[PDB]
Structures are given as C-alpha cells and as structure tokens.
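> Sequences are here, hints too, so could you generate the full structure?
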Amino acid sequence: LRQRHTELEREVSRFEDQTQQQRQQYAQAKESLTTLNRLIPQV
Amino acid sequence: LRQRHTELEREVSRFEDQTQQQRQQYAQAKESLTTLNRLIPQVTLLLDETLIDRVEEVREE
Amino acid sequence: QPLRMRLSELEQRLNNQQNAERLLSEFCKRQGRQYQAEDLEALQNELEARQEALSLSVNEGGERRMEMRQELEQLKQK
Amino acid sequence: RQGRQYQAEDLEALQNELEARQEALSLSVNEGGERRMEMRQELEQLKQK
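Protein chains in written order, with the UniProt record's numbering: chain G, 841 to 883; chain R, 841 to 901; chain Z, 516 to 593; chain W, 545 to 593.
Quick caveat, the hints were computed from the structure, so don't treat them as lab data. This list has only true hints and no planted wrong ones.
Calculated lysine-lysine pairs in the DSS-like style (CA-CA distance at most 27 Å, straight line):
no., chain 1, residue 1, chain 2, residue 2
1, Z, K593, W, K591
2, W, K593, Z, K593
3, Z, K591, W, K591
4, Z, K591, W, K593
5, R, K870, G, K870
6, R, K870, Z, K544
Covered by chain R, according to a simulated footprint, are these stretches of chain Z (three or more residues, beta-carbon under 8 Å):
no., stretch
7, 534-546
8, 555-566
By construction, the Cβ of each residue, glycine as well, lies at the ideal position given by its N, Cα and C atoms.
Okay, structure coming up:
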C-alpha cells in the first residue's frame with residue numbers, strides 16, 4: 841500500500857500540474873476575450 | 841448494514857439530482873451571461889437612450 | 516458641405532442605436548420579458564457570482580457523493 | 545498583448561475561437577479537479593487501510 845501511495849502521489853502531481861498550466865493559458869485567453877468585448881465590442 | 845445501504849442509496853439519489861439540476865441551471869445562466877457580454881457590454885451606455893431624432897432636421901437644413 | 520458629413524455620421528449613429536435597441540429587446544425577451552435594460556451591468560455581476568456558485572456546488576457535490584460511495588464500498592466489504 | 549497585429553482591423557472572428565477555448569477551460573479544469581479529488585479520497589482509503 842505504500843507503493844500505491846507513491847504511484848497515487850505521482851498521478852495527483854500530474855493532474856495538479858496539468859490543471860495549473862491549462863487554467864493559466866486558458867484564463868489568459870479568456871481575459872483577452874473580456875478585454876476585446878469590453879474595450880472594443882464593435883466600438 | 842443493509843439499513844445503511846438503503847439510506848445511502850436514497851442520499852446518492854439526492855446528490856445526483858442536486859448536481860444535475862444545479863449544473864443545468866447555472867449553464868443556462870452562463871449562456872445568458874455570455875450573450876449579454878457579447879451583444880451589449882455597455883453598448884447601452886453608448887446608446888444612452890438618447891433618441892436623437894435629428895436626421896430630419898439635418899435633412900431640412 | 517459640412518452638413519453632408521454630419522448627415523452621414525448621424526445616419527450611422529441611428530444605425531447603431533437601432534442595433535442596440537433590437538439586441539436589447541431580443542435578449543430581454545429570451546431571458547426575462549423586460550429585464551432592466553436601462554442598466555444591466557449588475558445582472559452580469561450577479562450571474563458571474565452564480566458561476567462561482569456553480570463551481571462550488573459541483574465540486575462539493577462530486578466530492579461528497581463519491582466519498583459516501585467509498586463509505587458504501589467499506590460497508591460492502593463488511 | 546496577444547499576437548502582434550493579428551487582424552485587429554476586424555477581430556470579431558477571434559472572439560469565437562476564444563469562446564471555444566473558454567468552454568474547454570471549464571471542461572478541462574472540472575475533469576482534472578475531479579480526478580485529483582478521486583485519488584485524494586483513494587489516498588485517504590489507502591492511509592486508513
């Protein structure tokens with residue numbers, strides 16, 4: 841079960857890393873969309 | 841333990857119903873929010889309910 | 516001649532005003548029937564708050580339901 | 545800020561792309577969080593075992 845802990849902690853790390861990078865890039869894109877439709881919505 | 845299984849099944853049903861309903865409701869809310877911030881994100885302030893009605897005067901001039 | 520340019524610019528302004536009015540009416544009919552078109556920013560803020568509520572509710576429901584399912588697994592082994 | 549000129553003259557099309565990205569944002573983060581949470585509970589189960 842300690843070996844299972846080790847592999848599980850690796851997998852948890854992978855998902856946390858993947859979500860962090862994904863949300864950072866996607867959030868930057870979302871913020872760009874908000875700036876577009878707030879500053880220049882066909883203005 | 842079979843009593844526990846029965847009550848736990850009821851609670852599982854409640855969780856599933858609640859999660860489904862909330863996700864649908866907030867998803868429709870998200871769609872409405874995106875339509876607002878797409879079509880009229882402060883464009884109403886550009887409109888400002890002015891009702892200029894001055895093209896006729898400019899045509900007379 | 517100045518009035519000619521004024522006329523063209525003002526005609527485009529009327530065009531935009533009708534665009535805004537039409538879009539306002541169609542949304543206010545799609546959600547609500549007449550929904551504070553005069554100042555609707557507050558509703559955008561509340562709907563963003565409700566999206567935060569979405570995240571909270573979905574995460575809480577998922578983790579709790581699956582944790583009690585694991586309790587069910589313990590009961591099953593028992 | 546994003547791109548360098550990237551067709552700013554009429555940039556409506558880009559917003560749709562960003563909308564696809566925005567939906568995928570919710571999907572990706574929800575699924576990832578749920579997975580890590582599942583293994584957090586499985587880790588608790590292993591700890592208790």
